[PDB]
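This document opens with one chain alone, in structure tokens, the form deposited in one PDB entry.
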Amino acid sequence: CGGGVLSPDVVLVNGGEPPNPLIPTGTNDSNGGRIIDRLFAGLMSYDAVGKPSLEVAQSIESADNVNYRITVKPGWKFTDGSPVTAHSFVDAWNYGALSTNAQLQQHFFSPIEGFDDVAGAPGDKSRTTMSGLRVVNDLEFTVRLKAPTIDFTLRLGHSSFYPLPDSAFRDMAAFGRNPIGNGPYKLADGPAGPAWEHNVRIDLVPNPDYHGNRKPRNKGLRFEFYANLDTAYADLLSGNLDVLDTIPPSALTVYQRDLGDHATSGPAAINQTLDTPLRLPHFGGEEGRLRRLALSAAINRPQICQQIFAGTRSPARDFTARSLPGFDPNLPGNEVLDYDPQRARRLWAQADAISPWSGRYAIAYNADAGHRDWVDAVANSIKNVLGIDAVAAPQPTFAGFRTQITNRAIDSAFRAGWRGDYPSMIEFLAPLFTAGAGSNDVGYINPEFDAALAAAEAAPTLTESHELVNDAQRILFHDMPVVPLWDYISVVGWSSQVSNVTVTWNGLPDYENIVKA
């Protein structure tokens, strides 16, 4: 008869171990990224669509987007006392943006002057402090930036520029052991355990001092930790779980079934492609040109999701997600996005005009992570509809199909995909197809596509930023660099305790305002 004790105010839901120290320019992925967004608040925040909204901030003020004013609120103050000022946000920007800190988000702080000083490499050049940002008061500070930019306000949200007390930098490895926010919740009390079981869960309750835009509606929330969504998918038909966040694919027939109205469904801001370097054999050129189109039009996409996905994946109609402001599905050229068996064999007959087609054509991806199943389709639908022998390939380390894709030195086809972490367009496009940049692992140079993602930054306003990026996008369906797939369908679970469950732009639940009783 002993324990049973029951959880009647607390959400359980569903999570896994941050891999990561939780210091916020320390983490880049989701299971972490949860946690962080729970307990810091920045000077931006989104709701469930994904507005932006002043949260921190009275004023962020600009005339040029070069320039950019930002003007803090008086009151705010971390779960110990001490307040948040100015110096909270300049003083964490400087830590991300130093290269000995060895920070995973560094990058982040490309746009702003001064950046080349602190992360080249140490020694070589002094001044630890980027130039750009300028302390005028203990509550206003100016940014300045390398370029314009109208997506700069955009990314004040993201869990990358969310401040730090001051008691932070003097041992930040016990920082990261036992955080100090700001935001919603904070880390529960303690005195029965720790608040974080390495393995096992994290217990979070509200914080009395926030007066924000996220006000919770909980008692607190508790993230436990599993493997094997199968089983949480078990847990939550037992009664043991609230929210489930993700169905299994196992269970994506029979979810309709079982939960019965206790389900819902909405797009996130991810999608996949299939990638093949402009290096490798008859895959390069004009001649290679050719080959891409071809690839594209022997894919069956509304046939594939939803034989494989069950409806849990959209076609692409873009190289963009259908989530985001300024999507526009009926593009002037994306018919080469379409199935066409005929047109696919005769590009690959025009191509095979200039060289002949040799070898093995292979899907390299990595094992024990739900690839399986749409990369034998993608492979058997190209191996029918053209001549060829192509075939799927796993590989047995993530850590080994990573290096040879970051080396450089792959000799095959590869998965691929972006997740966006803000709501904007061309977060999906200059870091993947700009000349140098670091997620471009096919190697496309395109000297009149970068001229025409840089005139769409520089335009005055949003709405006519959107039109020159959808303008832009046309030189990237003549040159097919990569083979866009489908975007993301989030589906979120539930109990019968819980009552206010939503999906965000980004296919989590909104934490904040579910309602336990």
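Residue numbers count along the first chain shown, from 1. Just so we're on the same page, rigid core means the largest C-alpha set that superposes within 1.5 Å between forms. Compared with the form deposited in another entry:
Taking the core as reference between these two forms, the lone member of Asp80, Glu286, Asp261, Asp124 whose Cα moves by 2 Å or more is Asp124.
For comparison with the form deposited in one PDB entry, kindly provide the form deposited in another entry.
Nothing else is written out below except the one chain.
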């Protein structure tokens, strides 16, 4: 009598192969950025809900929301016995924000009042240090932004503002093979193996030199580099995994059935939308805006979320996501998006007074990760409901599809998802709908909208800015730059022994407090 599938004693969450050296400012993917949030610890941290709280810093003072003064706690140290100090932060930021190094996350350092000098052009790059970041002594410094940004103190917990040791600025090319940081966990590095197998696994054990907000409550993690999630699901079912972190699409209609309350779910901070790059004919001006409002009126979102996804999405009530702190679901005025064939047909009949129709209507999309189902469904439900002829037109290559739109908005109206980085709504609005702020692939220009966002940022408190953002979002409904489809919902399944998993705010579990017994 008895039995068992006897398992190691750490945790085996599935992961993936991070395609870059393990550097804070050098990664941009949630597949290799989930392994770097366990090694370091910044000036702040976010609990599962998404609220900031001081970890390393001790006092962040700003009486005008333009000048910040940061004083840091004394008693910290890296896993090589090197003292943490303000030099680490200042040097890490000055390194990452430099255009010479060609560093991925450089754009995040745009609001420091010294970024335009070091990332604009090599004509005034004789200085390679920003003029905002001062240093008073080794335990405090001073930042100076451009315009009042009440959202700055929230992004200091982002995975890009992390401190780096002293033995890294000189041999950085090696810091991609054995990183070192003051975080909760740390790379195992036992004689048994290299602690990073290169497409096999990564081990992590708790750092016994940590005193912070994210105390590890297990014995260590082991990220198992997988692919073809169905394999990881089989691995989980046959007692060889502990946290799946995503149920594969081929198994989310029976997962509850053969898991049995060993699977939960919760909203994420990723949305999805479709758009017509306004350079394509018959979509500029009033007629194009009316066509887009019609298309918003002509997609039944609950039906799709129930038929295709089977409940791993959520109908889009606005242009932000659900898990975002300070979300207004029943926003007065949220009616514009709907499934109201009455309004759709009458608006099409009102809008064709400038032109009946031009020709085809294609929807172009990457076709490797899987979009055929919902793309065909939206194409069909958008066709033969308003008297049009839309169809799909896939592009098999990721680089090809990305270059097709970085071709600066040619044709073949396409889909766009914008995963958030740190939990604030302005991070969803501004990087998308602004005069020239990069990803504005719909040609939407509004100085009224830009001024509304500016006034929302220049707020005394956070709830006031929440309300101002709500109103600046209401202003968006009158034009509908993109048409929003649905927010994400993530599913997490654990096996039989781990006991305290939760889905935090971006879909990923709370790895720090999954107690295994």
